[PDB]
Structures are given as C-alpha cells and as structure tokens.
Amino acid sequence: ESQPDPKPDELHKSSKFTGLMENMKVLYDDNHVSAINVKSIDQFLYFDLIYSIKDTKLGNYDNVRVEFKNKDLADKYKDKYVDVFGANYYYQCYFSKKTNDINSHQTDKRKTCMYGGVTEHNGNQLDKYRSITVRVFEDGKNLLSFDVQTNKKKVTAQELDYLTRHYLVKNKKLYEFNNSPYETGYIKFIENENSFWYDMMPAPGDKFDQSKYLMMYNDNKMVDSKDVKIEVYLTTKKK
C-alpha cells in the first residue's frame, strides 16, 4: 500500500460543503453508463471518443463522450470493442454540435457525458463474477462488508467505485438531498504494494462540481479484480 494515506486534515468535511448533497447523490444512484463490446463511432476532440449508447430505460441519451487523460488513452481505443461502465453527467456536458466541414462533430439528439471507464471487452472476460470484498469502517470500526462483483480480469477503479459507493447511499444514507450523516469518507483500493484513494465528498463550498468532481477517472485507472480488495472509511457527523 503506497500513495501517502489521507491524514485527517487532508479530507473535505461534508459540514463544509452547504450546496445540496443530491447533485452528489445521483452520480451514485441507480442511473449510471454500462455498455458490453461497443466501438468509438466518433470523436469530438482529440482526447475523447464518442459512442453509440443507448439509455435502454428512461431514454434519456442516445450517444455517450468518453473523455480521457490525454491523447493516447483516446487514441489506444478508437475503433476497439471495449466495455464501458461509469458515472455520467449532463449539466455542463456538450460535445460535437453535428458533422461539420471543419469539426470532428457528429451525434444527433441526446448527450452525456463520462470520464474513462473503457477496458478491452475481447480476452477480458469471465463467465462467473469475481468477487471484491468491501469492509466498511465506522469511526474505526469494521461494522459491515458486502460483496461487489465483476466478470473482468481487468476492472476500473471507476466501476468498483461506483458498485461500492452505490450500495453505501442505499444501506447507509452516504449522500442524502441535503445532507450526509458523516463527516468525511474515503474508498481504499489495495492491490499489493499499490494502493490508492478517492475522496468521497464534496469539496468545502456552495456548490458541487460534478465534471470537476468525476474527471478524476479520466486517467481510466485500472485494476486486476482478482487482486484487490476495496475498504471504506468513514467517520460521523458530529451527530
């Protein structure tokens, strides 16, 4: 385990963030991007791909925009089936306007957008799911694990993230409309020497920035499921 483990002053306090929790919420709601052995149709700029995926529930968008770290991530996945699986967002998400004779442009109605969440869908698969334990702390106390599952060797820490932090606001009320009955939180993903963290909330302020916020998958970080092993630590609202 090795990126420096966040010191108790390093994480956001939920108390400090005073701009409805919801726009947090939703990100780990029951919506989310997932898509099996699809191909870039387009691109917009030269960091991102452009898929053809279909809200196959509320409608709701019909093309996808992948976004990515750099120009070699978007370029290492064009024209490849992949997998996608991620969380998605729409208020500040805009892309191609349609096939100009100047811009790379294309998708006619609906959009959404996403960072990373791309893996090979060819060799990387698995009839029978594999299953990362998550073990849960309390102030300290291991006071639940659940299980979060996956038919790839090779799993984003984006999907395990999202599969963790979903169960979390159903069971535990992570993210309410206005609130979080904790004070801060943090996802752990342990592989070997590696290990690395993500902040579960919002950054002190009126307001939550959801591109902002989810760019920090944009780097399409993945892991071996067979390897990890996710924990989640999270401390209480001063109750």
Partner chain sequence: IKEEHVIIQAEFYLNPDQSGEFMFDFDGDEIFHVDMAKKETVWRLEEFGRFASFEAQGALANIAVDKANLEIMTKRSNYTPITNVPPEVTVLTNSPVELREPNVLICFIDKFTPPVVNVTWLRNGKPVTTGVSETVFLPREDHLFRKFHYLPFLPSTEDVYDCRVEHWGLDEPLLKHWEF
Second form
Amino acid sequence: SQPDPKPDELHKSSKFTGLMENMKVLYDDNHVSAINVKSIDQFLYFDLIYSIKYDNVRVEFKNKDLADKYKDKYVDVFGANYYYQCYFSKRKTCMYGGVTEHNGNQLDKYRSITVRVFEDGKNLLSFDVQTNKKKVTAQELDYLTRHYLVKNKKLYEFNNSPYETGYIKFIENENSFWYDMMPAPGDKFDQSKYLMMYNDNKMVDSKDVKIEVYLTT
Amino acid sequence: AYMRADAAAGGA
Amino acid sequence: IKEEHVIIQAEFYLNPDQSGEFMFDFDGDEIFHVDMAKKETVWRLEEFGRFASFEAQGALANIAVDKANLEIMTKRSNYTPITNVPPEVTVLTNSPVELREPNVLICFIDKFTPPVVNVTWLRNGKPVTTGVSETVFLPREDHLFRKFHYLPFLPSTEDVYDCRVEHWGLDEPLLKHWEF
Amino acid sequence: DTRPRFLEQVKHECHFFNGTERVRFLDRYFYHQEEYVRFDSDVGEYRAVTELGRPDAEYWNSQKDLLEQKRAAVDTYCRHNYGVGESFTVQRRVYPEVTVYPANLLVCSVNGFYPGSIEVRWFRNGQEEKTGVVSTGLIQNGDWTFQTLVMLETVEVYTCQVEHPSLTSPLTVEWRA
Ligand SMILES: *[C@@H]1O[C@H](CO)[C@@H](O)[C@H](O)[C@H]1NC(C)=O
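Mind sharing the form deposited with its partner chain bound? What's above is the form deposited without its partner chain.
Below: every chain and molecule of the assembly, starting with the one above.
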C-alpha cells in the first residue's frame, strides 16, 4: 500500500499559471484505443510503435524489459496520448504504457468499477467506469474516471481548474496507490513528463478495484 | 538562458 | 590566428541496438547529453544547470531524423555495415596517489566504433561498483569515440585494479592494470 | 553479437575565432565514420562530401526554408549557444594543484586545472632546465579538468613553476631533501 498524500505533497492548481487546457486535452474525448494489435517496430529500445488510426502510435515503457514483453504479443492498447513532444520514426502521436495482453484478458460483458468522488471531503458523486478486461491498466481507469469528471465536475477548464488539489486512489483489497491530478507549479505544463507516470504499465484486477477521487476546492 | 539545438536535416 | 573555441552538437543512432545519443561538446568536454528515457538534460557538471537550460524534448527530434537517415544510408550503401575499431584503453589516477588519501581511477577508452562497450572495474579480481561513474560516448575528430570511466578509491599497497573493457573490435576482453 | 552495426552520426559544429568575431558553422552527416554531406556556412549550401551524399545535397539545397535556417545558424545557433555557455565554459577557470615528489627523477604533477593552456617549468638553483625534462602532455580527465606531469632527470633547490590563466602570478613549489 502507498502512504496517502501528506499536508503539502499534492499540487495546488493555484500555483500553476499555465493553461489547464493542456491537462484537460489529455483527459478529453480523444485518446488511444487499439484492440487486437501487434507492434509494428520501434524507435528506441524502450518503446513500441503501433499502427492505430494520427496513424502511428509510439508507446514508451519504463524499461526495455517491458518493451520486450510486449513486442511480438497481441495486445490491447489504451492511453492518454499527446502530440507536442511526440517524435519518432518508423500522422504521429505518443503515449506511455497502457499496454495489456489481449488473450485471456477479455470479459464476455462489461465490468463496472465504482468510483467515489469526494469534493472537499463530501462524497457528492459516485459513478461507474466500465472495462471488458481482466487486468486493466490504472491508466485506462484513470483516464475514464478523470474524463467523466471533466465533462461533469468541470475537473479541468481552459485556464484553471475549479479545484485546488485532487488525487485518484485505486484500492484493491488491502493495497492501494494514488496519482496526483494537478499539474506541477509554474507557467508550463509538460504533458509528456506528466503521462510518464504511466510508463510503469501498472495493471489492476477489475474485479477487485475501487476508485476514489479526493478533490479539494 | 537556453542552449538551442540545430535540427537534423531529413533525407531522401 | 586559429580557432579558440569549438562547440559541437554530436548525435548518433545505432542499429540494431536502437540506441542513440545527443550531446554537446566544448573543446573536448561534455557540456551535457540528453537522457532519452527520462527525457532529461544531464549536465556534466551539475553547476552548469544553474546557468543554462536545454529543452531535452528537442534532442529526440534529431534522433528520429537520424534513425530515418540511417535507414536511407543503410539501403543506399547496399547494407555495408560498420568496421569494428578496437579501443585504446589507458588507466590513470585523478591526482598523484598517496596511501589513505582519496583518489579516482580513470579508465580512458579511446578511438573506437561502434559506440557499444562494456567496462567493469575489478579490485583484486572481483568487480567493484561503489561510486563508479562513466561519461557518455564522446565524439572524436576522426569520428570514432571516447569514453571515461571513474572509480573513486582509497589507495593502498594491498589492492590492485583492472579496467576490463569489452568491445566487438576485441577478441578477448581487454584488461588494463593499475597498482600502487 | 553476431549482428552487424549500422551507425548514423550527425555533428553540428561551431568554430569561434577572436571571441565570436568570426564564426564558422558546419552541419555534417556521417555514414559510419565517413562524412557524406556537409553544410559549410562559408559555402552557404549543402555539398556532397562523398557520392553517397549527393541525393541529400541536391534535395536539401532545393529547400529555401532549410537553407534559410542553416544560413541563420551562425547567429541563431552558434553565437547564441556561445552566449549561453560563455560564463561556465569559455570563462571557466580552475586553478591547478601542484605537487613535487621523487620517483634521481623529480616529478611535478599539475592537476585539476581548466583551461588546458598551461606552462610548467623546472628550475634548479633559480635557473631553468630544458634538457632532462619530459612531459606527459595535456591530459583531459573528462570532467572539465586537466592534468599534466613533468619529469626532471636530476643530478639543491628544485622549483616547479606553473603559469595558468586562473592565476595572477606563477605557482611555485620548491623542493629539497
Ligand atoms: C556486453 O555484455 C553482453 C553480455 O552480458 C554481451 O552479449 C555484449 O556483446 C557485450 N558488449 C560488447 C560490446 O561486447
């Protein structure tokens, strides 16, 4: 289990002076989704390139070990992509992790995962996020969750967010981990450096996860 | 201050 | 007169390794190189970062082009590969050695290609790793490479050292000795 | 590894003369170790260094925007970066630590200095020594620091004197036994 956020650990959006639109676009309608797919080649040894239609998608991993495991496998790709810092050669887009093996991971029907939203400690909204996968990436669930929050709780806006801090915790039994939902301080938001937190390709059991979003306004 | 990179020419 | 200074932005891409490098050189010294994985600018001397910045994102734009150009050149040369040029390994210390006074063993791997090498420090035959560091592949005017390996150590009449260098231009791993 | 290697190399060079009075920029592409194309600011266009670079030379030259950027490189790339680094590279000045010790052979070790420009001299009884003196040359330690070793074949005060840009006056280490 990961130690929950400390008094000054989470990022305060008020200390971010750049456009929150750059964070918003990452969790908007657009994202990467490939279903039954295999890698077409690589650029660097820690990434894999897929032809998903952008027309090509570069998927970076935490290490080679990871890229090796997925090079020749038929996988499902799902992730929050970016275009800005996107460079590679095999239209182009880039993303981190979000790669899960196809075979033996599909479910006959959609499995819903409960999400409890706490605005300033008050659970005012709770919704379901669905997936057709056994093991699903926290990235996919994180995207789906925040995406729902963008279009309902106005999580991210064009200039700033109506929330100060916020984190999403994934609880699976006695173990849990969380992601900071706010940009780092400064007038610049680095999409690439932000999504990099997903290069772990961390997966969770959809049957055992529970998502809680702790927002502060 | 920032160091600038010169672009690599793409071939044919 | 002639040149007083020269700054070189050197970059390379190697197949089938699918590895690349992007650095900046100033009169033989590395100002910085870009960590392609962490997409982070790594200054040779940390202090440099207190005065300058570099958009590491830029580096990968160059490497992508180089990968593309390599494919073109590989096909264009009729798949003529690289000729391995074995390294010239030399070991020296940072300053004159005195028993019990902290020093650094520098292993200088010079004049080689391709830029792939395996260096290991041995103390009395066993590998050592505490505090070891290495530079990145540094360019030479003849377009071969240079590399430096460092092993902080405490000089004693007891230990002997070896810089074991592995390179495809060599038959058997090169061993350059050093003893007090 | 059985697999053959294929290396692509690109060097963007900036050569400075008299501060930045003159600056010369090169954009060189190397197949393996062989340069095939290059842009020289003094030529103003891409020139095929070997016949392999011909397609690129002709192609890149037909690009007004690419040529414009490279032609601007002497100012926007070279002189700019020289300005950004100026203080910690061009201006870097680290003083040398001199040590005289017997190996009769006398060794004068001058270490940890930057830039490389240095003068190391041996004196015996206040008179310089030319014959019997051997140098190891400049040695780059690969960390913005140099070292040099100067040996003197000795037959009396022996002084190793060092002149370096970082100093207002020479460094002398006098040795006796
Ligand atoms: C370095 O070691 C690996 C095995 O550990 C080897 O297969 C590879 O060829 C080595 N590199 C060189 C340049 O020999």
